[PDB]
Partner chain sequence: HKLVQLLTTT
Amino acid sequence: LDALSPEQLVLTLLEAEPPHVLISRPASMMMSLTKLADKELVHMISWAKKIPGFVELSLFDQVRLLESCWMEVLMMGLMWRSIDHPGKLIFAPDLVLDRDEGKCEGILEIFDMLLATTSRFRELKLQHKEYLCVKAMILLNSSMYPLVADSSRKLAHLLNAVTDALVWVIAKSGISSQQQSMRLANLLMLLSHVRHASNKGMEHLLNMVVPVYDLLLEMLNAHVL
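Just the structure block for this chain alone, the form deposited without its partner chain, nothing else.
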């Protein structure tokens, strides 16, 4: 109830944000990168557990959602981290990248998908409160199977609340009702792009390094046991 209310929901999400992850280095890009994800994934699962109502869904649903959405959530965080640095990607404190470093490959393709989309978010002037709500939407909207009898009723309620909070945030800008709808529409259309980049990253990842998708699956098990 209360916890799912716009002002509160948004401040609960703020405290649930994952920490800075240091890669901690003593196929090097891809070595750096896969070790990073392994690290980031642990925190991702913690983050999800702090989203009001998520742990009360079915574990059959929790596991489905985290499995399908991990790369879009790590990419959404990445764009938010690089949003002010045109030309770069800020993967972590000691791991920043130039586009011309994405020349050594296949990675260059993905690199430009993430710079472009990020530039789009810059132009829209993505607010923190907006960022927090969209990343939560990405997790809850990541699959359709899990919302095809109570956990479903629950999943929708919890997804509708987040959409309510975003709408709320936007209404506070003091813009016109038409601007509101145009902004809500521009924001959610951008998720289609996010998913695209995710699909490509996932693709690149099987054509190959650390067992990110393995261990995660493993983390998913312990998460159940």
Second form
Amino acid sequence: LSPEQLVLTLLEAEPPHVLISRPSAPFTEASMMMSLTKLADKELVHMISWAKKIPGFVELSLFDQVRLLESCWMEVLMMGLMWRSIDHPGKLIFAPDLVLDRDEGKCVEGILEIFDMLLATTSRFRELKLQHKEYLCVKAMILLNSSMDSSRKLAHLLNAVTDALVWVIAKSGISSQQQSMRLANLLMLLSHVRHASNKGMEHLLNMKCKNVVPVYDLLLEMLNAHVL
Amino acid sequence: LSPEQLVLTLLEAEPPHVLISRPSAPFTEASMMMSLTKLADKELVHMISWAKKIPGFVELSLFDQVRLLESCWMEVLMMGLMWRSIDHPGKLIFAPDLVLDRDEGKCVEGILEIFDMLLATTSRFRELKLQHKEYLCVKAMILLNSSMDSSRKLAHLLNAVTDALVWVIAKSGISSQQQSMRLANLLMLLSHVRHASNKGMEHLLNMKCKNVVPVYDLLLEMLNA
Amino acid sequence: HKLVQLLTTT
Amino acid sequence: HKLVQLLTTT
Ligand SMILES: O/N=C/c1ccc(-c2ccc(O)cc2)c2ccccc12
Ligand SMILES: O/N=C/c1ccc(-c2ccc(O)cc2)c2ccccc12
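The form deposited without its partner chain done, now the form deposited with its partner chain bound:
Expanding to the full complex; the earlier chain stays at the top.
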């Protein structure tokens, strides 16, 4: 399978556009947070279907499949959020009916810090002019590189997605030096996505413990498993 | 500054190894924690000096320098640890006279998990056959990428080191396609290094709250951030 | 088992 | 603060 057709499969694995079905309304501490958790739970369901569409993922042992998704889910959610917000500076496009900014993050202690991190990393991807195909590969790599008979197969798959990202970049027609430079800049931003997701999980766990937000069955399981 | 000059500058800047002796009696949770923390504290002093040698670092605002170091210190420390352990498989070479085995992590509840991660990641660098000069660039990239117009300058500094890593890889002679793949493979390990540092950091903060060990001076300050 | 149910059904 | 001392005073 060529890098081009592997990227086509990632395009085909892409989850649908998700809405929370919320009537436009000023956000408050309670509605904002219930909206974020309600959205994450819905996106998690589609994330599972997405991963199974990545060629070879279902051939991994069940234990590896579960382990990869339990560790990278918040990062994959945030990477998706950044792509969606790339053409909307100053905004975080969680969904069509859930567009949030900074002064709205102020309404909940500890959220503003996370919104600022998300906004800054998004701005970085915007400056690099992240392309859709690059986003597809990076997102898949976050899943496959979140590892912390089947193991061998995982390495083959990660190498395949890496080969595809390299192909996407070579296709842009820029100089070889510029291609390596771009490859490095994109990969390095992953640490920033990882950082934001780690703070995102820390905040959610505290909200679960305080029962401030209803924690949706799958979201809760994914949260507890990851934390554990 | 050319890529080679930057690599040579990092080579010279490499901190000298800190010497620490292994306790006389067998390790106890306390003697092991005292050994790791005493070492870290000493390595942190040399890390600051190392940072000031990275071309352009001292030109950043003081508040940026402090912010970068506060964010990446454990990751930088573990990257060094793994490099020192590269040629002694199954072992972690904290210092010449402090060679800890995966199993000796048993005495400290929660440590074994960290030792396992570090060893596994070390194995991966061994598999990729990480070279000294690639290691020098990567460790400096860890510091400059911890962005967790002085920011223009930071981006420019990181690009310079990235540039040198590409140069080092091109110097290995492999095909252009393979050069791109090796660069990717090397940077993709930064998540793993960062994971271990987050766990070591959480472990350390908690060992502090339980006063299972004294955490002050340079180490403490760096811990709070 | 919620993650596992979804990983084994379509 | 120790960190600032080593960065600027040392
Ligand atoms: O306690 N706060 C928890 C919490 C839960 C979920 C998200 C999130 C939702 C959808 C998405 O696509 C990415 C991230 C959050 C995003 C930012 C701060 C806190 C979040
Ligand atoms: O509570 N856990 C504390 C703790 C503190 C420091 C280190 C460390 C020392 C020297 C070095 O070069 C890298 C990392 C640790 C390494 C592994 C587990 C726990 C550590």
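We call the rigid core whatever largest set of C-alpha positions still superposes within 1.5 Å between the two forms. Only residues modelled in both forms are compared. Residue numbers count along the first chain shown, from 1.
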| item | value |
| --- | --- |
| Did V10 shift 2 Å or more between these two forms, C-alpha, core superposed | no |
| Core-superposed comparison between these two forms, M202 Cα displacement 2 Å or beyond | no |
